Amino acid sequence: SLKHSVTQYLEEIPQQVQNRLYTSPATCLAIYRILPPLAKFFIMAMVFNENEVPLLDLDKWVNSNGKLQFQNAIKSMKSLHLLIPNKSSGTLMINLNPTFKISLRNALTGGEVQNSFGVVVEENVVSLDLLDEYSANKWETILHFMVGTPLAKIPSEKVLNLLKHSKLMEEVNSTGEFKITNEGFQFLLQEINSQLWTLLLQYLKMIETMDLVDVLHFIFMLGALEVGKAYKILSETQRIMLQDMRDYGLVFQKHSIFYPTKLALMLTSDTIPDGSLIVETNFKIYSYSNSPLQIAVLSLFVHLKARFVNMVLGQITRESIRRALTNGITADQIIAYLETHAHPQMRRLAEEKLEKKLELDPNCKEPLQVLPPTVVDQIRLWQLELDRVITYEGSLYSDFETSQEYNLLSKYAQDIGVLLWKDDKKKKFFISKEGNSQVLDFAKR
Amino acid sequence: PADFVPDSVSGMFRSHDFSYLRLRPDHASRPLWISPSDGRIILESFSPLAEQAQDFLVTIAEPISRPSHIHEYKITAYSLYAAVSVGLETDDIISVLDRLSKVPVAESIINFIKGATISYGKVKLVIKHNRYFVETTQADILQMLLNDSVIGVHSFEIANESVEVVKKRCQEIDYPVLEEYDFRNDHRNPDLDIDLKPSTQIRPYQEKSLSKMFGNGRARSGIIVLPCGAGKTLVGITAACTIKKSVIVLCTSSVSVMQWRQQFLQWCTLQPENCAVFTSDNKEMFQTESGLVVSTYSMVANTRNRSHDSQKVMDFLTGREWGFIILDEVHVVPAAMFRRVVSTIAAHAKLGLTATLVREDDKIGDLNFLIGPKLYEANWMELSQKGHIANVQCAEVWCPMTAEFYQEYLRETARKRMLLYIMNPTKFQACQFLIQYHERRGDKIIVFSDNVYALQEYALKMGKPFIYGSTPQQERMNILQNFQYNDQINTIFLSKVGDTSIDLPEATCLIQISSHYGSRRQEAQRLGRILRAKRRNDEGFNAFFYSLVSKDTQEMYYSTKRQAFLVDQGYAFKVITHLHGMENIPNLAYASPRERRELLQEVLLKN
Amino acid sequence: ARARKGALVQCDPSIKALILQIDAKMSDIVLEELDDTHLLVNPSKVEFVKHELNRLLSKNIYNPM
Amino acid sequence: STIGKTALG
DNA sequence: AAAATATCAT
DNA sequence: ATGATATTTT
Ligand SMILES: Nc1ncnc2c1ncn2[C@@H]1O[C@H](COP(=O)(O)OP(=O)(O)O)[C@@H](O)[C@H]1O
Ligand code: BEF
Ligand SMILES: [Mg+2]
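Chains as they are written, first to last, in the entry's author numbering: chain 2, 5 to 213, 216 to 239, 242 to 263, 267 to 282, 334 to 507; chain 7, 101 to 252, 313 to 767; chain 5, 2 to 66; chain W, 297 to 305.
Because the hints were derived from the structure by calculation, they are not lab data. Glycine included, every Cβ here is placed at the ideal spot set by N, Cα and C. Don't take each hint at face value.
Under the rule of at most 25 Å between Cα atoms (straight-line distance), these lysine-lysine pairs were calculated in the DSS-like manner [stated by the list, open to error]:
id: 1; chain 1: W; residue 1: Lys301; chain 2: 7; residue 2: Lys694
id: 2; chain 1: 2; residue 1: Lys71; chain 2: 2; residue 2: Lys91
id: 3; chain 1: 2; residue 1: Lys415; chain 2: 2; residue 2: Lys427
id: 4; chain 1: 7; residue 1: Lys711; chain 2: 7; residue 2: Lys721
id: 5; chain 1: 7; residue 1: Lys694; chain 2: 7; residue 2: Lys546
id: 6; chain 1: 7; residue 1: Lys228; chain 2: 7; residue 2: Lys546
id: 7; chain 1: 7; residue 1: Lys711; chain 2: W; residue 2: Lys301
id: 8; chain 1: 7; residue 1: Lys721; chain 2: 5; residue 2: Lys60
id: 9; chain 1: 5; residue 1: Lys51; chain 2: 2; residue 2: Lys183
id: 10; chain 1: 5; residue 1: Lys60; chain 2: 7; residue 2: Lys576
id: 11; chain 1: 2; residue 1: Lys415; chain 2: 7; residue 2: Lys546
id: 12; chain 1: 2; residue 1: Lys262; chain 2: 2; residue 2: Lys235
id: 13; chain 1: 5; residue 1: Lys60; chain 2: 7; residue 2: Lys734
id: 14; chain 1: 7; residue 1: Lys546; chain 2: 7; residue 2: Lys534
id: 15; chain 1: 7; residue 1: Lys576; chain 2: 5; residue 2: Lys6
id: 16; chain 1: 5; residue 1: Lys6; chain 2: 7; residue 2: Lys711
id: 17; chain 1: 7; residue 1: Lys576; chain 2: 7; residue 2: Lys711
id: 18; chain 1: 7; residue 1: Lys721; chain 2: 2; residue 2: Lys346
id: 19; chain 1: 7; residue 1: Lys694; chain 2: 2; residue 2: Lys346
id: 20; chain 1: 2; residue 1: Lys367; chain 2: 7; residue 2: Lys174
id: 21; chain 1: 2; residue 1: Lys495; chain 2: 5; residue 2: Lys6
id: 22; chain 1: 7; residue 1: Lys328; chain 2: 7; residue 2: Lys214
id: 23; chain 1: 2; residue 1: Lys419; chain 2: 7; residue 2: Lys734
id: 24; chain 1: 2; residue 1: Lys506; chain 2: 2; residue 2: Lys473
id: 25; chain 1: 7; residue 1: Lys174; chain 2: 7; residue 2: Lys711
id: 26; chain 1: 2; residue 1: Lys346; chain 2: 7; residue 2: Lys734
id: 27; chain 1: 2; residue 1: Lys157; chain 2: 2; residue 2: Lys168
With the C-beta cut set under 10 Å, the calculated list includes, among others, these residues of chain 7 facing chain W [as the list claims (entries may be wrong)]:
id: 28; residue: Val557
id: 29; residue: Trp558
id: 30; residue: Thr586
id: 31; residue: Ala590
id: 32; residue: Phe593
id: 33; residue: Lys734
id: 34; residue: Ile736
id: 35; residue: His738
id: 36; residue: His740
id: 37; residue: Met742
id: 38; residue: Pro746
Based on the sequences and whatever the hints tell you, model everything.
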């Protein structure tokens, strides 16, 4: 999703801002890697040629089969203003952005880069001992607060405010606490790379007047830096934002010099299993997860009963699923988490059942199911219980002198999509509270 | 718990955290987890050393839940007593448990097994001509026992009536009573010459179950628990044959008494000269020097009023000393009056055979001192894979209650409440559709219904037979035999009479429109009625078990509580909210609103 | 022309009967019976009946421990 | 698994 | 066909 | 402690 979500954010950026962004070669290289593979082919060809190339020739470059990919590639390039079209003498010529072209060329070859990539100090630090531990602790702490489980350490105020403003992990002052919404659980399910960009993108939106271009340049530059190998401390806005990243764990400072963190390398791009669990027809759960986070996240919708060093065992109960649904989690997410973390034994047994079913009747094909059907059905049914009775807020209109007026009002309410119930025999109809003002205004006129 | 840092999320576990103990280096091999505080055991059946571990754990633990992959066992004092009884000691148990444990056994667990593993064989009870002598080879220990006022080489005769009192008392005191009988040594009691027929062959699990009883070469009392249809009748027959003494069989029902007679005849060498049935139908008694006597609990247990003709046979039963006694369906022995059967009849070895060792009250544990320890048990899922008991796809159909019907449900009282949802018109349609659909597939369907009135009403509307208390023995047998061997009569209704202890391989499907209050025994027994289908080895075959309930009624509460035992054994219930193809059915009962109103008035007039 | 503030409740026949019974116990719960599948209830009592419904159905659910 | 289908009746 | 005692669940 | 259902006897 990063290959698309990050692209969408860049497209929304104004053209003038995008042109400024292309100044730094490091950002250009990152923006080069996010484009579709076919876009990479065309862009690289145009980097080393300082001349206009007609669009027809680029079309000829592609085969008949891959016409659809070409259409997507050109649209993506045009969206980001990478390709500037020019119409003259009845010819449609396309050229690369001079700022992007020069910066990208400088990155590939040896040339002035205005120290965009930073400067090496030749002071390496063991990663498996300190940087990795520091990165895990910071990510472990922030995630623990998100899940809601108690933890003595508290995330910094700046990150706490961002989460409060952020849609995920909604906080209610009246309740006096912070709770996980549907988006919050989705964030937990998403991998580390998706989670990191999820927070980073929100921070970029929140920041107003720290220049946006400066922040984006540092973030893209951060990916270029490799684990360890501190670099000398760069705009003033970058320095303060660097401190913010340090609170997030993306960067480690000894107090002078900042060591890039492993998460920074993961930020560049992608790259029995831990966290897997077994679900029985008896509704028991046994998770082979020793990580403290895995136990906490499971406890959100599972009634934990005991734990060993090797694994944690619990059971799904009406209380556990009811609690999760009340928080805001959907039953679809609950099954998704259980299935993705299925134990290999469950997968092997499910495959055997599928093979036997196919042998009995290969004509009919059904999807492979890892979890037992009964457990999934019970969880879905429990969700249906919450929506057993539906309540709407609105007003009821009746006692109409003429049937024509009632019909016109009912038709108008339905058109604007605010009619909840109607009955011609009684000449009554109930509308939603949101549309009450609109209906009243229409009645007056 | 020393030099261990509490976890941040340790608060989620209410003092049940077991992280202080460190995982063993070879944890990838050991298949067992031992919980110190609770004493529970978690076993992985997909790991090496699974098969012998399951056999060992069952011996030293009473299974709680046995799903496909993770098996949950528990250790109790009674379980330990049974384990030490069958040729075992603390040293062997401790070594094996530690070897199979992924983590070291805690000191608390070690103490629990140690305490109850030493009292095995101090006090013994034997039966002479008609006098019970609670004797022991040593003389010092018994003197301490005698000093107690509760009881009232040394051998002393104890009152026959008060035998149960001392048996429980011995359990209360540190030394529990042992029940062993060396049938080989004693020949004073006449010996019955019987052996299994050459054609007969004992199945693997049946052989293993009987081996535990005769592990030391001497018969010992106990309870053997096998799934319905496993063949407990053959296990009992083999047990009687090996002892080679007089055998008396007590059975729950006369119909099952006939089954025991036929089954005994079909699977052994005994001749009619040595077989007599003391049932209501006929009081014939055997005059041979020794033989088999099969009776029922009610006849033997009855105390106040018994006919003189029955009295003479009962006196005959109490007269001679018997060598073996089989308490078929031992799940009812702990009843208030049926307990007297053990005391009245003097037998050296007593064996109990039942499929569902479940009882609502706390009287189930009493069996351990009335007959003997739970010798053996078998997995329902394991036998299903082997092809011994037919696979069943249980279901729980949800039948919504219509608005007119539902309104009368709320106002009515509790006792009247039952008849509103049992006679739910939606439930009636569901029962009709399932019967019609499964009759098309040529499947015999048994529809249980505890409520007699509802049972008759459904049967009359559907033009199908029924069996219950009012039905005479001759008619009940005729329906059973007919339904087994006639194509036209594919489905028959039943009642509480047929819930337990009846054999009928033809039945494959099963429905229950109504059922008794929440009780796991009846659910398991009814399910077992179709677990011995002869067409169980055919490829891709699955029996069916349908439970019709009314939504939002108290039946939903009972049904969930009524299937707990099946869930523990492994069976899984699937909820069927919608029955596809029901709308297209040309005729559905109580389709018109007028019919529903007429039925509502008719059922309301009942109370 | 007359607007009456209230809350619209759409539910299955069984829930409708329970709501009516609650209204019988307390006449101020429900305002009108719009249809066999629709009722009008006072907004102040919406939460009370909503919580009450989940309590009455609790009798039909077997809670293990 | 039949959940969302119309209830029988 | 009517009596009387057990059993199983509230 | 009571109500169903079942069983045994006269
Ligand atoms: N060894 C065997 N070979 C074949 N059929 C057997 C064997 N053992 C038992 N059965 C069959 O199992 C069925 C049920 O036996 P039964 O003793 O009535 O079961 P339950 O355990 O329910 O009392 C009978 O049809 C019987 O013939
Ligand atoms: F367990 Be069986 F059906 F007697
Ligand atoms: Mg049997």
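Hint by hint, here is what the structure shows:
1. As the CA atoms of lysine 301 (chain W) and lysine 694 (chain 7) are separated by approximately 36 Å, the hinted pair breaks the 25 Å bound.
2. Proximity of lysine 71 (chain 2) to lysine 91 (chain 2) is assessed by CA-CA distance (about 23 Å); at most 25 Å being required, the pair is judged to hold.
3. Between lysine 415 (chain 2) and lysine 427 (chain 2) the alpha-carbon distance is near 12 Å, which keeps this suggested pair within the 25 Å criterion.
4. Note on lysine 711 (chain 7) and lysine 721 (chain 7): the hinted pairing holds, with a Cα-Cα distance of about 15 Å set against a maximum of 25 Å.
5. Proximity of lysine 694 (chain 7) to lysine 546 (chain 7) is assessed by CA-CA distance (about 14 Å); at most 25 Å being required, the pair is judged to hold.
6. Proposed proximity of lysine 228 (chain 7) and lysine 546 (chain 7) is contradicted: the alpha carbons are some 44 Å apart, above 25 Å.
7. A hinted pair counts as satisfied when its Cα atoms are at most 25 Å apart, and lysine 711 (chain 7) with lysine 301 (chain W) qualifies at roughly 16 Å.
8. Straight-line distance between C-alpha atoms of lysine 721 (chain 7) and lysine 60 (chain 5) comes to about 13 Å, which keeps the hinted pair within the 25 Å bound.
9. A C-alpha spacing of about 22 Å is found between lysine 51 (chain 5) and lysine 183 (chain 2), which places the hinted pair at or below 25 Å, so the restraint holds.
10. A distance of roughly 17 Å separates the Cα atoms of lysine 60 (chain 5) and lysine 576 (chain 7); the hinted pair therefore holds under the 25 Å criterion.
11. Between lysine 415 (chain 2) and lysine 546 (chain 7) the CA atoms are separated by roughly 16 Å; this keeps the pair inside 25 Å, and the hint holds.
12. At roughly 12 Å between alpha-carbon atoms, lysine 262 (chain 2) and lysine 235 (chain 2) fall within 25 Å of each other, so this suggested pair holds.
13. Using a Cα cut-off of 25 Å, the hinted pair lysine 60 (chain 5) and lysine 734 (chain 7) holds, with the two alpha carbons roughly 22 Å apart.
14. The hinted pair formed by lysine 546 (chain 7) and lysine 534 (chain 7) meets the criterion: a straight-line CA distance of about 23 Å does not exceed 25 Å.
15. With a C-alpha separation of about 41 Å, the suggested pair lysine 576 (chain 7) and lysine 6 (chain 5) falls outside the 25 Å cut-off, and the hint is violated.
16. For the hint linking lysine 6 (chain 5) to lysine 711 (chain 7), the alpha-carbon distance of about 33 Å lies beyond 25 Å, and the restraint is violated.
17. Taking the CA atoms of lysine 576 (chain 7) and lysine 711 (chain 7), the gap is about 17 Å. The hint holds against a cut of 25 Å.
18. Restraint check for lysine 721 (chain 7) and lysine 346 (chain 2): the C-alpha separation of about 17 Å stays at or below 25 Å, so the hint holds.
19. At most 25 Å may separate the alpha-carbon atoms for a hinted pair to count; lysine 694 (chain 7) and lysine 346 (chain 2) exceed this at roughly 34 Å.
20. About 15 Å separates the Cα atoms of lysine 367 (chain 2) and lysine 174 (chain 7), which keeps this hinted pair within 25 Å; it holds.
21. As the CA atoms of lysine 495 (chain 2) and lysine 6 (chain 5) are separated by approximately 9 Å, the hinted pair is consistent with the 25 Å bound.
22. Pair hint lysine 328 (chain 7) plus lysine 214 (chain 7) holds up; C-alpha atoms about 22 Å apart against a cutoff of 25 Å.
23. As the CA atoms of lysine 419 (chain 2) and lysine 734 (chain 7) are separated by approximately 18 Å, the hinted pair is consistent with the 25 Å bound.
24. Annotation: proposed proximity of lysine 506 (chain 2) to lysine 473 (chain 2) holds, straight-line Cα distance about 16 Å (limit 25 Å).
25. Our distance criterion of 25 Å between C-alpha atoms is broken by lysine 174 (chain 7) and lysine 711 (chain 7), whose separation comes to about 36 Å.
26. Annotation: proposed proximity of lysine 346 (chain 2) to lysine 734 (chain 7) holds, straight-line Cα distance about 17 Å (limit 25 Å).
27. Proposed proximity of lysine 157 (chain 2) and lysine 168 (chain 2) is supported: the alpha carbons are some 18 Å apart, at most 25 Å.
28. At about 8 Å, the closest approach between the beta carbon of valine 557 (chain 7) and any beta carbon in chain W falls short of 10 Å, and the interface hint on this residue holds.
29. The closest approach between the C-beta of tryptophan 558 (chain 7) and any C-beta of chain W is roughly 8 Å, which is under the 10 Å cut-off, so the hint is satisfied.
30. The closest approach between the C-beta of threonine 586 (chain 7) and any C-beta of chain W is roughly 5 Å, which is under the 10 Å cut-off, so the hint is satisfied.
31. Of the supplied interface hints, the one on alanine 590 (chain 7) holds, with its beta-carbon coming within about 6 Å of a beta-carbon of chain W, less than 10 Å.
32. Taking 10 Å as the C-beta contact cut-off toward chain W, the hint placing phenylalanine 593 (chain 7) at the interface holds, the least distance being around 8 Å.
33. For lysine 734 (chain 7), the shortest C-beta to C-beta distance to chain W is roughly 8 Å, which falls under 10 Å, so the interface hint holds.
34. Checking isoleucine 736 (chain 7) against chain W: minimum C-beta separation of about 6 Å stays under 10 Å; hint holds.
35. For the restraint placing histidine 738 (chain 7) at the interface with chain W, the shortest Cβ-Cβ distance is roughly 4 Å, inside the 10 Å limit, so the hint holds.
36. The closest approach between the C-beta of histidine 740 (chain 7) and any C-beta of chain W is roughly 7 Å, which is under the 10 Å cut-off, so the hint is satisfied.
37. At about 5 Å, the closest approach between the beta carbon of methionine 742 (chain 7) and any beta carbon in chain W falls short of 10 Å, and the interface hint on this residue holds.
38. Taking 10 Å as the C-beta cut-off, the interface hint given for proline 746 (chain 7) is violated, the closest approach to chain W being about 16 Å.
Hint violations for this structure: numbers 1, 6, 15, 16, 19, 25 and 38, all remaining hints satisfied.
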